[PDB]
Structures are given as C-alpha cells and as structure tokens.
Amino acid sequence: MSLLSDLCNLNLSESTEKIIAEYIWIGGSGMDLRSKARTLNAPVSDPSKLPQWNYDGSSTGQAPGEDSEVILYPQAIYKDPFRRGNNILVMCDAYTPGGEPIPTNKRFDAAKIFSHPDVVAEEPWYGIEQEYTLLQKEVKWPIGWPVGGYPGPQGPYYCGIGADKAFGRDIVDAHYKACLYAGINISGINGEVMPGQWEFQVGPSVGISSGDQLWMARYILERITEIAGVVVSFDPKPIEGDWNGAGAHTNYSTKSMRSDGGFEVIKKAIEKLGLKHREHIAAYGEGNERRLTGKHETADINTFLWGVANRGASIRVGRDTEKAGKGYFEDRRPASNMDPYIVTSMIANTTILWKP
Amino acid sequence: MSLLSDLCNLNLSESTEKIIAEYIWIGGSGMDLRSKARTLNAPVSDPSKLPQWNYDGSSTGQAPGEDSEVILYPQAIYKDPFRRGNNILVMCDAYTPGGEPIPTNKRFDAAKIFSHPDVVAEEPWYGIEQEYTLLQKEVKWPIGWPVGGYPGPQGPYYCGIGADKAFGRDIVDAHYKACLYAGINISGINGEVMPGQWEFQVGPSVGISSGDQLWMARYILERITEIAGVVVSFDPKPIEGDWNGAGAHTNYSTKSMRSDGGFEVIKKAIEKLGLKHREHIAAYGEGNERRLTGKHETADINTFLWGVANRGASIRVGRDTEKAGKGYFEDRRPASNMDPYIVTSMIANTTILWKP
Amino acid sequence: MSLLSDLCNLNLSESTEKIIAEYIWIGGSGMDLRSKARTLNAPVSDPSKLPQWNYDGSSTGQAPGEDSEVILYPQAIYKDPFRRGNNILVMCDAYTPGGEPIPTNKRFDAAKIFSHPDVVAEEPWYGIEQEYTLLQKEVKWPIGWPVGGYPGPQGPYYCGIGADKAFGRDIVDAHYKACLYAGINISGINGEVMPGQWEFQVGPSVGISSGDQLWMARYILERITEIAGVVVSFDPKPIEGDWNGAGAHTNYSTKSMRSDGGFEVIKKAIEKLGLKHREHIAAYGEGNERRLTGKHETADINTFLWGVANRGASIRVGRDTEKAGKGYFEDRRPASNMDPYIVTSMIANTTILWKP
Amino acid sequence: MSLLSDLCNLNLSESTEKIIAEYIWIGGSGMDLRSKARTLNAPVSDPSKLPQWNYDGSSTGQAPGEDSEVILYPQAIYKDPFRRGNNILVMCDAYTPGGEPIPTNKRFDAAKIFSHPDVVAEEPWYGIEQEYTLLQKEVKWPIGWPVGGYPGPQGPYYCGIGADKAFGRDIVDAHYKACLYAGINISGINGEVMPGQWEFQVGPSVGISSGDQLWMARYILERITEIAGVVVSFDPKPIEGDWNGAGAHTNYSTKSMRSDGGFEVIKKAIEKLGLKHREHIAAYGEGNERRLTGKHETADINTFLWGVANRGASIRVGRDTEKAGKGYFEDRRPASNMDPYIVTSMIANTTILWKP
Amino acid sequence: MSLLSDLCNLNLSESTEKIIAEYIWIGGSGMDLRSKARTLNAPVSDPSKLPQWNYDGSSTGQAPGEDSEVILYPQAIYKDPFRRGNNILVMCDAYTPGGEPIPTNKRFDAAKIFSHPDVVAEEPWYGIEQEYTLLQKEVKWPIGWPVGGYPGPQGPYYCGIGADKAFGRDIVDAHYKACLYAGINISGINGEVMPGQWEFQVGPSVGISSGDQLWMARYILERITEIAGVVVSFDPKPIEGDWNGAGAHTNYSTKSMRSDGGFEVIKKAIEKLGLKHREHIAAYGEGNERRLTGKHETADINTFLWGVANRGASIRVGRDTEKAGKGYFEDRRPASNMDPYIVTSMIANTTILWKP
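Residue numbers (PDB author numbering), protein chains in the order written: chain A, 1 to 356; chain G, 1 to 356; chain F, 1 to 356; chain I, 1 to 356; chain B, 1 to 356.
Next comes chain A alone, as it looks inside the complex:
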C-alpha cells in the first residue's frame, strides 16, 4: 500500500538530529508487555546515560491505589527495526519510589545472582528454544484452521514447505530479519508438528543478556504480528485437542562443563537439579499442567528421569557430548510462558552455588 506509508518511512537525520527511544517494561499479569515512545536529543550508545521514566501503576495493575507512580530504569538498547534510522529500543524494569523493586520485577534477584563472583568467573551459556502459536483475528482459532474445524492429521507439517504445510512464514521471516538487524543473537527457525505453530532459537548469550534478548525478541514478534493483523499466544497448550503442546527448552553450559572431561560434571549437575525438582517444576510457568501429561514427547509432572537419547526424558544430553566428553544438556521442563530470568537464575544457582 501507499497510503500513510510514505510518512512512516521518512528519514530522520535529513532534517534534525533527534532520535526516539521506545520504552518497554514487563506488564502487570507478569506476561504482557507495554510500550510508550519518547523523543531524545542525541543518539545515545551507553545504556547508563539514559533518563529514567515512569508510568501509571494503577492502570496496568502493578501498584496500589494510593501512589501510582512507578519509576522505570533503562537496561539495554537495541536498534529499532520498525523505523530504522538511529532509533533505539530499550528494556526497562519496574520499581517503586524509594528503590524497592515491585514484587513482579523478577530481575532484581536475577542480577543479584548473576553479579556473584562465582558466576562471573564461570560465565554460563544459555540457548532458549521458544515455541509460539499464531491465532486468527476474531475466531481465535490458529490461522489456517477452518472455523470450528481441524486440518489433516499432524505429521506432514514439521519443517513443511508449500501451501497447506506452512501457515504464515512471512511473519517468522520478518522476525528473523528484524532480530538479526537489531542485535539479538538469534540462531535459527523451523516449523512444529502442529500447523500454525513455529519456533525460533536464541543463540549462546552470556548472563542476564539471555533474558534481555528473549524478552526483546518477544516484543519484536508481537509488534510484527500486530503489523500483519493476527495475534500470538505463548500459553503452553493453545488447543486442548490431540496436538503438540507449546513449551520451551533451555540449553545449559558453563566453562567447567565444556572445558575438558565434562561428563561427570554434567552428570552431577543432573542429580543436583533433580534434588529440587519440586520448586523447579513449580516455578517454570503457569499452565504446565496441560502440557506435561505423558504424551507428545513430554515427561510426567510428578516424576524425574534423565536419559541420553530418549525423547520422553525430562532432561537429555546430546550424544555429541558423550562422543567428545564435553558439551551441554537440554532442560525440557520449562513451559512456553516462562520468565527467562527466574529459570536462568535457578539453574545457575542450583548448579554452581549450592553446596549440598
């Protein structure tokens, strides 16, 4: 189209020297994201030089009814894909005046854990595999499904090509381009054994940058999906039928594990993480009850078991690590609406800081 499309893609440095910095903060329910733009004066490149901002804490649902002002802090800056130029995107944190973070921040303790000398001397690496569903505008069925109906049986959809196999690859391709342009270290994408569903894998990020990049990628996906004209649901089981349930896996790797002869280290880490499976399964995301039932390459909710090749194992280890004696292992417990901060912090703490 050409209506309103000339003004949106208008060069910024031609006239003035002003950029705009959209502000992103975690919403009230813990999963929704909110954003509101604000002009700047000079193109900034240091996240510590940005000015703090605020929003109404009683409209979203993060503050009581006596004092709604919620001070925000800027954390990271990423290049704006939807308006290019020198515009930036920032990730912010919700705090109350007086320096106390809101109960629904989840990044204060994450940064506290990851500022420890041990973790900064170990620098763990995390790779997250996110799975999301694309739903229609109104009916709220996945796109491509007939209204009140279902497509053919699953199996000829995984990494499919052509029509009737991939529904809406434009959104995912645009997402890939935008995250490669912004600065997020994305790795690759593929289909999933459910039609409409997809998946993108975030690369080996260090520290809390994993959570930062995952959140920014979720924001980019939501904006691109809004541009297209559909909605995205991150819940673990979008459809209650007999289809794949969305989830997430977390690659784990520290310096000692991938240095030399790390098989014993990964093994001991498996027992360490299995010791406290209770709180870990309780703190990986609401809605995991309908995902982990015993079907569709999933384990059971109240059991812990690990293997080397079985796809039903809650935690598995790549056979390449066994070949070489060093590598990683896959944590297949987290659901598709998890908070990367808490999961990453719990894994790092239970692995490197806990002394039984």
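A few of these clues could be false.
If several chains are the same, the list does not tell them apart, and a pair holds so long as it fits within one copy or across any two.
List of simulated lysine-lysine pairs, DSS-like, C-alpha gap at most 25 Å [claimed, not checked]:
no.	residue 1	residue 2
1	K165	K79
2	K36	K165
3	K140	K237
4	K295	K79
5	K49	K326
6	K165	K237
7	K49	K323
8	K355	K267
9	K267	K18
10	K36	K237
11	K268	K323
12	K165	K140
13	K79	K18
14	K137	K18
15	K137	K165
16	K355	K255
Don't read these hints as lab results, they were simulated from the structure.
With chain A fixed as given, assemble chains G, F, I and B onto it according to the hints.
Just chains G, F, I and B now, with coordinates in the frame of chain A:
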C-alpha cells in the same frame, strides 16, 4: 503490498556480517522436502566446510529407532533467490549416527557409482524435462478450471499466449528467473497440452549434479508457488479423466556417442536398456501405470519399442543425431514423481558398466 | 501487488551473462501465435547467428501425424519489453524437415517476391492501420460494457477522454510504450467509434519487414492484455449488430508515385488493382462478409470504386496527393484478421509486375 | 413470497362473473409469441361466440405503412393455469383488414387444406416430439453449466436422475402438470443427452389441433420459464461442439395406415415424401444446416436414406409397427424451430393430394 | 417462492382422470438409474396391465449397435410421493427385441431362481440395511463438513442429536415419510458415526420384492436429495482415512430356520456360505476391498471368521435369536453398491439349490 514486505527485503550486509543458510533434505515418503534455517558466521563458498545437523526422525516418518537424531551432510551450495545478498541454499542427504545411510536416501549408491573411474572417464550428460501441474488451494482442481467443471478441449493451450490459454505464466517466469539467478543450469520453459500444466527443461549437467539441480529446482518452484498461494503436485496423472498425463524424459549422452560415429553405440545401448526393462519400469515412478496406458503419445507397460519418429515409442533418437552420425537419444519412460538419482544411476550402470 | 514482483524484475547481468530468447511462430489455424523461451549463452545482435528449434506439429494442428518435428528459422530480433535487459524476442517462420515450407507458412513466397530486383529497386512503403476489440475474461462482451446490454449511441467515444468514453487506455498506452521500446516503428493511436475498440498505426516500414513489425506488435499487445487480464479478438465483426465493424487499411507508396508526376502513376496503379480484384477480395481476410455490407463507411463486396473524399469508397487517394502530387493512396479492403504477408505481396506484385 | 401472492391467486368468481381471456398471435419473426388479455362480461365455452379484437401491427412488422391495424380470429379455447377459475386461453390468427390473411399467418392455407372433404374423411393423426434447452439469463450458458467451462462428457444425462446429473427438472414437471391442466394433449417427458435439454411428446391430436396444441404448449412453457427466471431457446443447435442438438419427430398416420395392412403403404408414403426432399427440407426453418451432418443420431441434408431400425435414416418405422403391418412412422428431419401449421398442412397435402 | 409451486401440486384428477406412469430402468453402469414418464388414460393397480415401452439404449451403453431399441417390462406398482393423486412409479426390466434379456439385467435369472417350486415353497424374507453419505454439490465433501478441514474426532455423531452433531437429518426424515407413503416396506432409521452418513432398514419383504423395494427406495432417496441440492453416494468407503465407511447387512431367514430348532439350520447355512466365500466376495461390488481391511468393525477378505457377539466376524447371530433357537442371521459382507437382485438370488441359490 507493504504489509511486512519492507522488513523481508532488508539488506543484512550493511549492519552485520553474518549470513543464513537454509537446509534441505529429502523427506520421509520420498517426495516431500523439508527445510529449516540457521545463521552462519562467514559467507562460505566451499560445501565441505559446512557444519552438520540433525532432525526429529520420528516426525518425518523415518525414525531409525530410539535414537531419533538423523545426521545431515551438506552437499552443494546455491545462492538464495528469496533473500538475495550472501544468503545460500544447501542440499543435504539423510544419515544415521554410525555412518550408515537412511533407507530412503538413494544418494549413497548414486555417489558410489558415479565415483567409478569408468563413469568419470566417460562423463555422462543428462537433460531432464520435468512437467508439473498447478492446482488451486481449496478444491484441488487445476487453476483456471471451473469448480466441478472442465474448460474447452485440449489443443489451443500448447505454448499458448493471452488469457484463457496460459494459467499462471507469472509463477513459471519467476521460477525461471530464480533458477537462472541461483546457479542451476536451466534451459527453457514451455506449456503443455492442458490448462495449468507447464514444463521446464534442465540443461546439460554432469554427474550427480543432475539430481542435485533437479531437486533444488523443485524446492525453488515449491517455495515460489507457496509465495503465490498455490499448491503443486508432481504426480504422473493429476486428472484421471482424459487429459494429458504428466511425466518426464531423460536426455542421455557420453563422450563416445557425441564424438565418434556413434549410431551403432546408441542403438546397441538401446538394446542394452531394453534387456533390463523390468526393474527399470519398476524403478522410475510410483503411479506410472496411470500414465503409460497406450494413449497420448505414450508406450505400454509390457513392450519396449524404439524407432526413428514413432511418437508412441518408449525411446526415440534425435534426427539431427542420425543425420550427423553423433548426438543423443531420448528416454521417455520415467514418470513425473521420479527420483533423479536412481534413474541416472541405473541408466549409467546399464549402459557403461553392466555387461551381458 | 508486491508478491512475485521482486523475482520477475531482476537484473541477470549482475550475476551471469545469459540472456533469454523467446521464439514466436505462426500457429496452425493461421491466426494464433505460440511461444516458448530458451537460454542463449551470449547476447546476440545478428538474426543469422541463432539456432533452430522445432515443436510438436501434431499438438498444434499444423503438421501431419508421421514426423511431428517442425523446424523453425529465426528471422528478426527485437528487444524484450516484459523483462528488459539484454533479453530479446525473435520472429520465426515454420518449415518441415527437408526445407519445404508448411502449407500455412505464407512468408516463403513473401520473401521470394520481395527479393525480386524490381521490388528492391522500388522499395515500397506500407503503413498499416490495425484496430482491435478488448473483450472481457468470462462473459465475452467488450470491457466497460454491461452484460446483455449496450452503452449508448455512437459518437461520444471517438478519441474520447475521461471515463465513460475510453475503456482501457492503460493497456493501449502500455502497448505504445512497449512498441516504441522494442524497435517497432509504431506511429500513433486513437479511439474508435464503438466503445472498447481502439487502433494503432504501424507507419512506414520498408520492404518485407512490415509483416514482422505488425506480427510482433500483435504479440506484444496480446501479452500485455494477458498481463492485464482480458482477451483481445482481431475478427472483423467482434459484435454483431448496429455497431462499427473492425477492419484494416494499407497505405501504399513506391518511388515513382512519390516522385514528380505521380498522379498518373497512382491512377494507373488503382486501375491495375481494380482489374485483378477477385483473388484480392478473396485473399484479404476471412470475415469480410460481415464487414463489407454497405454501411458504416464501408464499400460493397460486389463493387470496386475509387475517389478522393468518399468515405464509402473501397479505395481513395489523399487530398494532398491531388493538390501537390507525391503522396499515396489508402487501400480500405483488408479486414482485421488479415495476413500482412500475402496482402503486401499481392499489392506490390499487382503494382509493379503484372501487365494487362 | 408472503405478499403479492394472496392477491395474485385471489378468487374473482366469488364476487362477480367476469373472466379474463388472453389473445395470442404470432409476431413478425415467426419464432416467438405475443399475448395480451381482455376482460369478458360473461364466461364462454365455444370460440365461435368470442368477438374479434385488434392489435397494432407496426411494432410486429406485419402491417402496411398507412393502415397499421390487424384483426385476430379466435380459434381454440383452453383453460388458464396461471389464473385458474373460468379464465381461458385462446389462440388467434392475424388477418388483414379486408378479409384476407396476413402474409405471416401460415394458417389460412392449412385450414383450407384440412377442410378438404378427403382430408377430413381420412382423419389424420399427428405426434410431434419437440426438444428445447434451458439456458441462463445473462451468460447464455445452459443451466448447470459452470460458467467459463463445460460439464462432464455425455453419460448420465440422457433422461438421467439425481443431483448434478439433471438440472431444472422442476420446470419440466411444472410444464407437464400445467399443460395437462389447460387442455393440451401431452403424452410424456424425458431428459436429453445434453445437460439441460429436455423433451415432451404431444399426443395424437387430429388435424389442425396438433399445431394448435403445440403452439399453446410452447407459449405455456416460455411463460413458465419467464416466471422461473430462465430463457428457453428452441434452436436446433444452441451449443456447437461435441454435444447433441434439438429436433422434431412428426409422427404421421391417417385412418387407412392404422386400419388395414399399411406395411406396404408406409413405404409408398415415405417415397412420396422423399420425391421432393430439397424443398421439403427448405420449408422446415433456419438452423437446420448445422445439425444434420450424420452425427448425434442425425441424417444428412443432401441425401435421402430410409431404414427400419437405423437412426441415420430420415424416416424410421418402429419394429412393432412393421411387424403388425399397421401404424405410423417417424419423421426426424423437421427442425425444432419450425412452423407446425406449414409442416402438418404440407405433409397432409403430399399424402392425400400430391402425386408423383 | 410462492409461484412455480402452486401449479406443481395441482389436482389433475379435478379436470380429467389422466394419470402419470413413471417408468424406471437401470442404466449401463449398474449403480445409477433412469426416469421416463408418460400419460395413461385410466388408473391401474395390476402391474401386468401396464403396456410396454421402449427407450434408446445407445446412450445407456448396454444396447446392440444395429437395434438400439430396448423394451421395458413393468414389474411393481408403487404410489407417487412427488405428484400424489393417482400417479404411480413402476419398476421395469429391460428386454432386448427378440425375447432374450439385456446382458446387464441381473433380474431374469433372479426371477427364474425365485420362481422355482422349492424357493416359493420356502417363502424367504430378506432384511437389507444400506448406508450412504450426503456429499456437497461442488467440492465433494459431506454436508456440514468444514471445507479445507475435518470436524472433531468420532464422537457424538452415531445417531446423535442437535446442531453441529447431526447434519442434514431433514432429508433423511423426508425420505422416511416418503417411503412410508409410496408403499415401500421401510423399518427404521438412525445416524452413523461419520458426520453426514445415515442408514435405513428395509422391512422383511418376500424374495424379489426385497430387491425391488431397495431399488425403489434408492430411487426416491436420490430424487429427494436432488430436490435438496445434495448429491448422495452409496460407496463402501467414500472418504479414506480414520473415519468409518459404509456397508450393507443382509438378514436372511426362510421357513425352516425361523421355525422349530433353527439354530442348527442357521449354523449349516453359515457354513454353506463360508464354503465358497471367494466368489461370494467377488460377486458383491467394487470398492469392497477398501472398506474390508479389518478396522471399522469388519472382517478380512482372505480370512473367514464367524461368531455370536463378535463384530469382527463376517456373520453375526443375535443373542436373542440363538437363545430362542429360531430366527435369522446378519450378513455384513455385502458392499454398499451391491446389486440387490444378484445378492438375493445368489443367497437363495446357495441356500436351497447349491450343495457342497
């Protein structure tokens, strides 16, 4: 349109230096193709430097067993038409951990038979004439045909121009441009006697590059018709009533045939191929019995006829070849869903290595 | 639409040196045109340095059922408007193995008669005024025309501007641009009395080349209207009723007539044309029985007339020719589906060779 | 619908005794019909008492320039299916002012022929089998034909049954019941091989009654299909190609042919009919040339063939009729757009008055 | 609408005592029917009193080339549900001119078998159940069937109620009432597991009457669904996949089995049926092998299984029947496209005449 079309065509070489590389492997049923992308780090030009992957063996219906990982070996690299820049497309063949090919690979034997000193001394040339149908998204009739109805009788459609003659020349022209840009040695296109059917002829490739290029061209066509929202079927008889049945032909040549007085060579090779007619029929296509019936310039399923201008002959030789004493002969047996690897290997073996 | 529009418009000179030469030959019924593309290795500029193709002579209906191969010879090369670059369009004439022109060739005798020393010493000039109707895709009424209805009385449409007067000036303007770009020596366009109808004038093309010019212009028009989405019919009476009938006229000129004392020469030529009239009126086109009736500025089938100003005269002379000699005369006998080769050949032959 | 039906079927006899009479006369073309109604004070039963009434002949193209008045002579009385009650349908003949028939009357001569003492003393019987095609309102395709296409080949369409096999049998049933009600001798109905073409047999009414009843049945049919919203065309070849046409089988038999052993009289009658085949065909109606070629169980216009059980013969005699030695025979040559008056009158003239 | 239906339900007997005879005969395929109508002069009740009539067998594809005439023999008189009054539907058998039956008759042999003194002295009754699917008119999916998809898994569809559970039950109910009215012994109806599939039990009629009534019920059903704009296919497996198909259960019981100690007699009859089951399967109908694979409550083609409460056996005997020691048994092996004449006559033959 401008809905996300600006983001898809974004030059990634201006900001970053990384490229992406889609992976293509032969599916489970033998005809389906699957793809999933990844991000490399440097623009590669040697196929031997690429890293290997795997995929879910129990999702494509070729699971070796408990260990579902299916290692993939990159073979050839082609420039990406749908993303331009330094993006590439690669062709991969399936394998199992342990160095053995998957049962539905059919490329291991082809490579091991085309690495023979004799065949590399003779360097056969193959020209493949693939013909496909374009059929609608929903009712599965060919595009242009009325729903539950038929257009005028065949005859005014062959190489037709204008509306009511060519149904979707845009898609085929885009395919031709993309194949010429990628690196495939495509020769030309033309219509066939049916509304919707078409044809593209692949040029004189050498060795297993014939199968590589044919498979990559099929992938490119399928992606393009996915962009256009149309499904493509390669089966020999898309419509069973009266119309022309799709198939394929295989030009063949070696050094002796096109250099010396090779009329005797080509004729004796024709009897050689006629001696092994049984498994050659059995190994050209699933569903070929609906094509070869005795009508529409097709041979029968129980005879082997070769001549000079017999339109129904299973094999014919070029008249310029006979007049000049050197050239090629045309194999009209293969169907439209063939595997180029097996047909190429069988022809080469039966004509240069197999002896009475 | 931005779908598939990026791939179609690509600059192949950026990556390779290959071009695309599309072959055009006169079909079986005499009026249909057929095409199929190929890939030349290097750009060419001499029409005598091209390879010869063939096609299935039994599919079109132009060759017998024994040896369907139909050798084609390239004649002229024109720049491709629909893909630009170094791509070319070639005009080809059919034949049979053995060098014998097909019964429906009609260009062999044209070239033979125009290679005569007298003709090449006289260099006749022909200007052709072709008029065509644009029909809808399905109903087969003209465009901008109610189904089962009529727009209104004629008179406000001739050279009309604005809506309700010109139905599809976009297609004709595109045709004008493409013909000026290709190499055709087109002169001008205008509307015609009945709505939907149009007219373009090919102007002063010397020698046999007039047939090539007009045929390539027809091909360009038909491809352009295929792109638009409507069909075009060249029959003399597209719609039966009280409406203007389509046709054609042929300007004629030779060195003697446009030299000093040319009025006597043109009068002698008109008398000669009147003397040999039966085969002329039987060879100008199939469909004159509905055009030449006696109405709408048209002569009668059973008469021959000449004049300077009468609109119903079968032939006439331009006024400036009468005033100041030189000039030409307009042959108003040919219909709208004529073969230019035979018409120009007989006109030149009757003018310069036959004696009473 | 709910309204415009209560007062369209309202009963008038309950209030008064005024009836409605529709006067029917043939237009100038000779293939369509005209009708207009006139109130009568009291109900009538015999056509003799109905007074004559005039109509404008200028618009019908049957009147001289000065005096444009035409007089009608009521002939037959039939009841009205669209008004019920005592309302009547009456057939009329156009007469010049002065006691002479209109040139396009075609019934005065028939009445003179049939009123001859020998003709009435022979009591002829006539049976006609007319066929028609139901076609749409705008696109002029037959009902059920996919627009811009053709349905399946000949097959389950000749007197077929079921959805997608027989189109619009409700109109045929409506005609059958209405013509049984009105007073028209209808024998039976059955579909035709072309999808959308039907047929109804008119009973063995005697003399001028056969023509009168057939004209009235055609009037009722075209009124019914006007009500339904479908145009009916009785042309012998509504659709040209590989589909059957429409004809009439005028079965002839007088008192002698069904009383004694007329097995040797039927052949004499056939020969008498065939003595003047040329003008006999010429007196049948336009469109006869495109149907009689030999295919679709038809005969040849320029040859006279007679047989026993061959559909290729112009005249055919049933096996039971020839076995019994008495009965009738089938006259297949008359066209479906004939004038029944002329056909029956001239057949009677040939049979009883004309001599070899 | 109100019009075009008032005169489709008129009282023809009000004016004249003419009745309408609907002649019915099987086409050449053996799975569809044909219809023809004619006016009789007086109402009849005895089928033998109805005169013979002929149809053109060339289009039917079951007539000799020289003599296309085919003679019909009325068999059974059933009252009309679409015209009411005294109008009748009659089932007819096609006879060649000469006495010998049509090759595709299947009724003369059945009549000879059933007219044998032993068969009529045993007075068998047959119970036949048939199942069918209600397909759409353009896309060949069932009714209520989400296009481009499938409905929920097999759930509340077997004789279910409510919207979105039972589709198009109005057609089935109208068929039930119409078959009760016409004179066909129909027992009951219920839904089927596949959404849109139904069935109706035909009551225990005698011998040839069972086949005649089944044919007439199929005729009436297809007429009704033609009125409703829905096509009906009695295929053994209309849709391939994880959905149930359609079959035919024949309930056979003669005097001996129904009386006294019939358990041993029915067991002996079952063994007699199983002795030569190969031609039994061969003489039921095409498409049986797709339906008979083992799943969806059926036996295997190559294996003969019998039992009492096992649905996997080709023969099932009710618990009450065996408890009482007398009754019938169910033959699940017939296909949904069977010929009732052949099945009934063959069952009677193998029961009473054919010996081991």
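Now for the hints, and whether the structure bears them out:
Taking CA atoms no more than 25 Å apart as the test, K165 paired with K79 passes between copies only; the shortest distance there is 24 Å, against 33 Å inside one copy. Taking the closest pair of Cα atoms, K36 and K165 come within 25 Å of each other only across two copies (13 Å); inside a single copy the shortest separation is 37 Å, beyond that limit. Within a single copy, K140 and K237 get their C-alpha atoms as close as 13 Å, and across copies as close as 19 Å, so both meet the 25 Å cut-off. With identical chains, the CA atoms of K295 and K79 are never at most 25 Å apart, being 41 Å at best within one copy and 40 Å at best between copies.
Within a single copy, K49 and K326 get their C-alpha atoms only as close as 40 Å, which misses the 25 Å cut-off; across copies the closest is 22 Å, which meets it. Within a single copy, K165 and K237 get their C-alpha atoms as close as 20 Å, and across copies as close as 22 Å, so both meet the 25 Å cut-off. When the C-alpha separation of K49 and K323 is checked against a cutoff of 25 Å, the pair qualifies only between copies, where the shortest distance is 21 Å, while the shortest distance within a copy is 47 Å. Taking CA atoms no more than 25 Å apart as the test, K355 paired with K267 passes inside one copy only; the shortest distance there is 15 Å, against 58 Å between copies.
Proximity of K267 and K18 under a CA criterion of 25 Å is satisfied in neither setting, with 53 Å inside one chain copy and 35 Å between copies. When the C-alpha separation of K36 and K237 is checked against a cutoff of 25 Å, the pair qualifies only between copies, where the shortest distance is 23 Å, while the shortest distance within a copy is 30 Å. In this assembly of identical chains, the alpha carbons of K268 and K323 lie at most 25 Å apart only when taken from the same copy (17 Å versus 53 Å across copies). Taking the shortest Cα distances, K165 and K140 sit within 25 Å of each other both inside one copy (20 Å) and across copies (14 Å).
Proximity of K79 and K18 under a CA criterion of 25 Å is satisfied in both settings, with 15 Å inside one chain copy and 16 Å between copies. For a Cα distance limit of 25 Å, the shortest separation of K137 from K18 qualifies neither inside one copy, at 36 Å, nor across copies, at 34 Å. Taking CA atoms no more than 25 Å apart as the test, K137 paired with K165 passes in both settings, with 20 Å inside one copy and 11 Å between copies. In the homo-oligomer, the alpha carbons of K355 and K255 lie at most 25 Å apart inside one protomer (18 Å), although the nearest pairing across protomers, at 61 Å, exceeds that limit.
In terms of the numbered hints stated before, the structure departs from hints 4, 9, 14, listed from lowest to highest.
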